[PDB]
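**Q** One-letter residues, chain by chain:
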Amino acid sequence: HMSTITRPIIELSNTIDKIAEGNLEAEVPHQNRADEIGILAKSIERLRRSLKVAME
Amino acid sequence: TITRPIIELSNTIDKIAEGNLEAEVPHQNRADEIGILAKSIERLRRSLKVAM
Ligand SMILES: [Zn+2]
Ligand SMILES: [Zn+2]
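As you go down the protein sequences, you meet chains B and A in turn.
All residue numbers for the first sequence refer to PDB author numbering, where the first residue is 276 and numbers rise by one.
All residue numbers for the second sequence refer to PDB author numbering, where the first residue is 279 and numbers rise by one.
In short, the hints are calculated from the structure, not lab data.
Quick reminder that beta carbons are idealized off the backbone N, C-alpha and C, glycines included.
Worth double-checking, as some hints may not be accurate.
Not the full set, but computed from the structure, chain A residues with beta-carbon under 10 Å of chain B [unchecked claim]: (1) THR281; (2) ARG282; (3) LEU287; (4) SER288; (5) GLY297; (6) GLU311; (7) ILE312; (8) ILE319; (9) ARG323; (10) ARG324; (11) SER325; (12) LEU326.
FRET-style restraints, in silico, Cβ to Cβ [what the hints assert, rightly or not]: (13) B:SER278 x A:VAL328: 18 to 24 Å; (14) B:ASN298 x A:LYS327: 29 to 35 Å; (15) A:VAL328 x B:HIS276: 35 to 41 Å; (16) B:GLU296 x A:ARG282: 24 to 30 Å; (17) B:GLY313 x A:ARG321: 33 to 39 Å; (18) B:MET277 x A:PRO304: 30 to 36 Å; (19) B:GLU331 x A:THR279: 17 to 23 Å; (20) A:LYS293 x B:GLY297: 19 to 25 Å; (21) A:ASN298 x B:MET277: 29 to 35 Å; (22) B:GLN306 x A:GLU296: 15 to 21 Å; (23) B:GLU300 x A:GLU302: 17 to 23 Å; (24) A:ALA309 x B:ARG324: 30 to 36 Å; (25) B:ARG282 x A:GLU286: 16 to 22 Å; (26) B:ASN289 x A:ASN298: 31 to 37 Å.
Bound conformation, chain B alone:
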């Protein structure tokens, strides 16, 4: 549980902070996971791209 769920939730939280802190090229890990971590990662990547477009 700590390695399969806790670790990637912490990593993806950090990714969100990087994005919020203006780094709109932040790496977003785990987009190819088939479980709920993948749903979250794919959601974050769509966010990242949406914010890059909105930066103009």
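Since the structure of chain B is provided, determine the placement of chain A with the ligands on it from the hints.
**A** The following block gives chain A with the ligands in isolation, referenced to the frame of chain B:
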């Protein structure tokens, strides 16, 4: 208590990505890793909203 809130937070991120910055972010006061993710989503939301 892990799967459900992770999907719920993902949906909140999708609302934010689509321009709905009034999305209510659940689970901000949880003490585990879901609380960590919820706080980070709420900070991003607030920064987007204030900027716009
Ligand atoms: Zn990882
Ligand atoms: Zn919930």
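**Q** Are the hints correct? Go through all of them and say.
**A** We went through each hint and held it up to the structure:
no.: 1; hint: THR281; verdict: holds, 5 Å
no.: 2; hint: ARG282; verdict: holds, 9 Å
no.: 3; hint: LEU287; verdict: holds, 7 Å
no.: 4; hint: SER288; verdict: holds, 4 Å
no.: 5; hint: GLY297; verdict: holds, 8 Å
no.: 6; hint: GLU311; verdict: holds, 4 Å
no.: 7; hint: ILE312; verdict: holds, 7 Å
no.: 8; hint: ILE319; verdict: holds, 6 Å
no.: 9; hint: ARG323; verdict: holds, 9 Å
no.: 10; hint: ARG324; verdict: holds, 9 Å
no.: 11; hint: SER325; verdict: holds, 5 Å
no.: 12; hint: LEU326; verdict: holds, 8 Å
no.: 13; hint: B:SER278 x A:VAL328: 18 to 24 Å; verdict: violated, 36 Å
no.: 14; hint: B:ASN298 x A:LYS327: 29 to 35 Å; verdict: violated, 19 Å
no.: 15; hint: A:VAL328 x B:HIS276: 35 to 41 Å; verdict: holds, 36 Å
no.: 16; hint: B:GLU296 x A:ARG282: 24 to 30 Å; verdict: holds, 29 Å
no.: 17; hint: B:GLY313 x A:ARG321: 33 to 39 Å; verdict: violated, 23 Å
no.: 18; hint: B:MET277 x A:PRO304: 30 to 36 Å; verdict: violated, 23 Å
no.: 19; hint: B:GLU331 x A:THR279: 17 to 23 Å; verdict: violated, 41 Å
no.: 20; hint: A:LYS293 x B:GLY297: 19 to 25 Å; verdict: holds, 21 Å
no.: 21; hint: A:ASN298 x B:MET277: 29 to 35 Å; verdict: holds, 33 Å
no.: 22; hint: B:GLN306 x A:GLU296: 15 to 21 Å; verdict: holds, 19 Å
no.: 23; hint: B:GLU300 x A:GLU302: 17 to 23 Å; verdict: violated, 29 Å
no.: 24; hint: A:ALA309 x B:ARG324: 30 to 36 Å; verdict: holds, 32 Å
no.: 25; hint: B:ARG282 x A:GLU286: 16 to 22 Å; verdict: holds, 20 Å
no.: 26; hint: B:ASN289 x A:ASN298: 31 to 37 Å; verdict: violated, 24 Å
Of the numbered hints listed earlier, those contradicted by the structure are 13, 14, 17, 18, 19, 23 and 26.
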